[PDB]
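Here's the letter readout for the chains.
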Amino acid sequence: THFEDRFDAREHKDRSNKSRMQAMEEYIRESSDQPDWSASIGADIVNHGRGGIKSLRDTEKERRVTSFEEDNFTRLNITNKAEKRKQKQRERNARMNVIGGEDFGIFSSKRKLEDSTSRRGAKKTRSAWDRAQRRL
Amino acid sequence: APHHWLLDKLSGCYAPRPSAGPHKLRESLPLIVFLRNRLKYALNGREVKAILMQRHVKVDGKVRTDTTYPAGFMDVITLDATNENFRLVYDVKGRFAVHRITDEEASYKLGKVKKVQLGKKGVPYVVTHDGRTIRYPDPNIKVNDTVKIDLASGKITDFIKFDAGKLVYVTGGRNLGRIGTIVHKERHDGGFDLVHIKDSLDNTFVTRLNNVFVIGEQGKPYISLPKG
Amino acid sequence: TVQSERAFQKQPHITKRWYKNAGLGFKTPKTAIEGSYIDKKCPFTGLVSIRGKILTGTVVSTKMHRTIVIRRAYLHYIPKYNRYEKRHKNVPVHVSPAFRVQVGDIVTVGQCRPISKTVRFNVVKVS
Amino acid sequence: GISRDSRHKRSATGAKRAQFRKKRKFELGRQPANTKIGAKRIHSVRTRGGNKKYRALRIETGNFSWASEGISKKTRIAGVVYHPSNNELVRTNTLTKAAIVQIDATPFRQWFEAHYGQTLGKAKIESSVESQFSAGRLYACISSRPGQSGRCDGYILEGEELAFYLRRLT
RNA sequence: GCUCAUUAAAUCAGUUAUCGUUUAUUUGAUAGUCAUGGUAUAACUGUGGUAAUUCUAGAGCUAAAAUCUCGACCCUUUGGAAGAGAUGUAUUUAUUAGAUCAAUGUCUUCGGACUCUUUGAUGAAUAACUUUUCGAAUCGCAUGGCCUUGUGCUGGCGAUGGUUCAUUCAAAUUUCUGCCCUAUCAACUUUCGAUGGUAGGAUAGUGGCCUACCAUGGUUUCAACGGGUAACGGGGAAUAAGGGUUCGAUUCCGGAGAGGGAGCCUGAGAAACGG
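These protein sequence lines map, in sequence, to chains NC, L4, LD and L8.
Take 222 as the starting number for the first sequence in PDB author numbering and just add one per residue.
Take 14 as the starting number for the second sequence in PDB author numbering and just add one per residue.
Read left to right, the third sequence gives residues 6 to 19, 31 to 143 (PDB author numbering).
Read left to right, the fourth sequence gives residues 2 to 123, 150 to 197 (PDB author numbering).
Heads up, some of the hints might be wrong.
[To be verified] FRET-style restraints, in silico, Cβ to Cβ:
1) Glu118 (chain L4) to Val46 (chain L8): 27 to 37 Å
2) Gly241 (chain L4) to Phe27 (chain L8): 45 to 55 Å
3) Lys240 (chain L4) to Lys105 (chain LD): 21 to 31 Å
4) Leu19 (chain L4) to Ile299 (chain NC): 19 to 29 Å
5) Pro17 (chain LD) to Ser155 (chain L8): 20 to 30 Å
6) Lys105 (chain LD) to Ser240 (chain NC): 39 to 49 Å
7) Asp104 (chain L4) to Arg236 (chain NC): 18 to 28 Å
8) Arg82 (chain LD) to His209 (chain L4): 53 to 63 Å
[Said to hold, decoys possible] Under the rule of at most 27 Å between Cα atoms (straight-line distance), these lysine-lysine pairs were calculated in the DSSO-like manner:
9) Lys22 (chain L4) to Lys282 (chain NC)
10) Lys179 (chain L4) to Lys37 (chain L4)
11) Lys128 (chain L4) to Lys69 (chain LD)
12) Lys141 (chain LD) to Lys102 (chain LD)
13) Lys155 (chain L4) to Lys168 (chain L4)
14) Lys127 (chain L4) to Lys69 (chain LD)
15) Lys168 (chain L4) to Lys233 (chain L4)
16) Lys345 (chain NC) to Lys106 (chain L4)
17) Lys79 (chain LD) to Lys96 (chain LD)
18) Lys56 (chain LD) to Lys46 (chain LD)
19) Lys106 (chain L4) to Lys344 (chain NC)
20) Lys128 (chain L4) to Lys57 (chain LD)
21) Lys151 (chain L8) to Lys32 (chain LD)
22) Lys23 (chain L8) to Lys133 (chain LD)
Hints in this document: simulated from the structure, not taken from any laboratory.
The C-beta atom is built at its ideal place from N, Cα and C for all residues, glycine as well.
Based on the sequences and whatever the hints tell you, model everything.
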């Protein structure tokens, strides 16, 4: 016949952030029983005020920058076509949705919770003998 | 920017293009990505230039001073500082991997012959994948075999004929870059020979005969594969 | 008749007949070695190298000069309907004067550094 | 000049006449020099930057090989006899590959006498050639491309190939 | 680099194939065949013309070599040798090269015989030519060696060329599989060759690419061919949005043009509008 034999980056690309739904992991953090590395109090808040406190996504993505800056000893900056969205549309996602540093933008979503889990999604017990071994 | 460089999308717009050289450009990893970007030895692009002009780095027994110098699969990259020797080896997930080796292992490399003919005045010659053509080889050395290279001279100290049931690395295709030591060799239309591969978990995988690189016998590989 | 053209036909010789093997388990026939046709385009005894697609099919029309037509039937799979479609691909190929070809004649060819404007394949095996 | 763009002529099924692009440089073609027999002029062409080709336009001498003894002797050229592709070339005395000519028999004659000790049919060769040694005009063929190498190199007629062409010349 | 005019097996996407080709640069291989020839540009010196120019005029200057095999021999140790001969580079066409053995198999009369089977192991330059190409009037460190002692004779490591080959950056064709609507398009093509053969030409090269001559074929209800496409629609081309429900940006369109036609020249590359 014919076969492509083509290498793919997208199949090796991580898709963890696509199905990652935030309210599902908030159950995880209570049921993990590991500690979770909360920062200090005044180390959170943004500009003496105006910018709402910190998202826990925000102390993650800013941590990703500091982990990147300490490796390469250099800084990244005001590069404009990315900044005009990702500072406008992101800091308005704060004031529209975050309240006291905790996100309430989850709850107005049409992204439904089922489509991540979906009765384990793939590798599903579609036959009868598959159902006996999950009982095993 | 390609997949196997492990660059971030951050830190600057343009990707550092490779120079023409021994390896294929899509197979190549330039030395600018090798020093300041993955091994984190330098910070700026100019700092790569100061390392090369002072001749700290030597690749495969040559001085090799070029910023975008193409380094490829199975390349002994010897750094005179630290007395440490580096050998590039591809990683299963889609990327390259810098690897520590010894001084004796920095002496030899392996090389896939791509084409063998009869040169002028009745001289046999084989042409490796790194473009190292060598006069007077063994006539046992034929197409797709590996060649152990001395690197003090251009001489051939060991040779391994392609036979089914020997530990094979893949260079190309979808299932590029695993162990799996052979199932057999398939014939097909247009060539397109699919040298089948069954891994440590004994699962069939299919790439082209062009992608086949024999890295050892069933059991022993000739080089120190990175264990992890 | 061998010498029927306007020029004298001969092999370039790159027995009074020079042979070679096209390879890949395609054997030199009796008509190649002890024959009378010159045929510089023939896989054996000629000036072409079989590299590329070695394909098979059914010869459907033979009324040309020194060349024939292979019909290459197969089934397509449409993923949307989840049905099949019957298909074919009429491919003209050069035939050599060693293979007895009429309508029928299960055939095998090889890619031969394209000969003439559609011909990429030259007849190497007829069953 | 001449363009080799395969688009304009029809398809196998009859689709035709797109004119997707205009004529460009890599699909080029240049022109035949219908070379004649005269005082040798050498032409100059620059081809793909580094390489060159030799158009031939007037040719006096060329190198022909005697096939029986395997020796090669440079030949003065007189006239064109036969060519299969077009007989307009012969009546204009034009040299191409596989062209029958007439040559001087005396350079092959001088080799035959003082090296061996015999004359030429007044050490045995064919009968149809030995009668042509007294004529002073031997028949020879071209096996080079004067449009490319510029030389008039070829081969003299012997064997059954001699009998094929002399049948055409009667 | 900008601007004007819309392409349906074409583009594109991958895939080959380059033993069908060309390649500056990249890299890897690779050549035993006069302490200095002869020319040459100017600048300049001064005179002028011209409405004018990055316009112009005339004058005087600066044979020998070495290696391959043969070895008479002599001498037992590191072994060493007389003389017997034999070898241009590129380019162009023609010619030339590119059955066996060992035993462990086997038999035997125990001396050896046998390759049936096995095990291994060997095989598969001539003659000419060329608007004669190269064979270094190249550079840096080491400054040594012999005697007729002249600043003689000889001598190490590189570097750069340079021929050819390979490599890569390419480019050119090419293989194959994958596009939207349509029977109110059933025949289409040979009505710029359509299908092919052969020969020549042209080209970097394949080739109906072009042209002779020769055969009547090609694709098709499995939909050819034709038509519609507002083909700002489409390409996982590519990351993307850690709940805005499927959002983004990036890249790719396709073609033509530089007042209009047409012809040309350099260059690895342009049929280049900063000729």
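*Does the structure break any of the earlier hints, and which numbers would those be?*
Hints 1, 3, 8, 17 contradicted; others consistent.
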